[PDB]
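Below you will find one chain, with nothing else, as structure tokens; this is the form deposited in one PDB entry, and questions on how it binds or moves follow later.
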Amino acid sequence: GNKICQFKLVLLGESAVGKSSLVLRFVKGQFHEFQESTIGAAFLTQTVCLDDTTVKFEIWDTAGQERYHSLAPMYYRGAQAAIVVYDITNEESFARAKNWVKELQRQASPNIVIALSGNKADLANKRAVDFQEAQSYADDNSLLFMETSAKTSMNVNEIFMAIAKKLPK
């Protein structure tokens, strides 16, 4: 019966890799508050309590701006965790993800916990990004890495749980 720590966590990745779907699937299976948004609904926020911990995430998600632009300094500000998502059936989304990571590390504090999500791992029959290639990049850059499926829920909870485990207290 002690102190809840709150951490801002931001979603990053090309349009259409499933960032929003991941947030929603995760949220669906945890205690959470009603979704909110910022002015003009430029960014969508949702608060969620991770089961059997005293970790509360304030998860930030975009409203699609990724397909046109970089993301604003406001989006990054305060983030203590990130999930950078790519689509395992799209090499391009993987190459791009590497750049979201660099952009992230440059904009965020040195102790941010970054997880790399190889999403749509349920389309294994259309895999275009090899697991060990992502894992090697992830290891070389101190990133947590898992393959996920927002659709089937595979590893959705556990990538959030993995992050929580690396966060302070």
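Rigid core (definition): largest C-alpha set, two forms, superposition within 1.5 Å. Residues that one form lacks are left out of the comparison. Positions refer to the first chain, counted from 1. Compared with the form deposited in another entry:
With the rigid core aligned between these two forms, the listed residues 27, 42, 123, 138 include just one Cα displaced by at least 2 Å, namely that of 42.
Comparing the forms between these two forms on their rigid core, the Cα displacement of residue 71 reaches 2 Å or more. Annotation: Cα of residue 109 displaced by less than 2 Å between these two forms, core superposition. Once the two forms are aligned on their core, the segments of at least three consecutive shared residues with Cα displacements of 2 Å or more between these two forms fall at 29 to 53, 63 to 73.
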Given for the second form:
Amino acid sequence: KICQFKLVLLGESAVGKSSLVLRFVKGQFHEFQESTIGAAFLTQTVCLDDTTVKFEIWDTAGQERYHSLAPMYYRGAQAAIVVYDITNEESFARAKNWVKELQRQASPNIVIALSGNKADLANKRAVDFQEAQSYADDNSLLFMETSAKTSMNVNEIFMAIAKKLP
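Since the structure above is the form deposited in one PDB entry, I would like to see how the form deposited in another entry looks, so please show that one next.
Next up is only this chain, free of partner chains and other molecules.
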């Protein structure tokens, strides 16, 4: 049994989308990742136990100018990860708008995941875990704090998407 699908990462610039993907796919973490131009594409096949799951991954440039293009990436996607920096409250609200957009534009069946990334930088956490958890529960969003730096909960959230995927 082969189940490949399309997944899109969305979020304000510099919250760690690419890093997160580099982690999951190539198991790397670059400290000085440069801002994505337009978007990046990578794939990754991970088996759950018996069935093989292929991730077609679109990592979008997060800067505001690229906002109107986003649909050309998420349209026809069965999964999404909206990412924010837990040390940035503004990047958490911006993340809220991405969720509302997907809920309005994208398929109703899409599995959305919310990532509070840079959990390793809790030294200056500006977004309470419990408030992010709560926001998620109400919107039925798989939430999970992650660290592209330490790899904390990186593989899980991807793995958790695959299982929740119909």
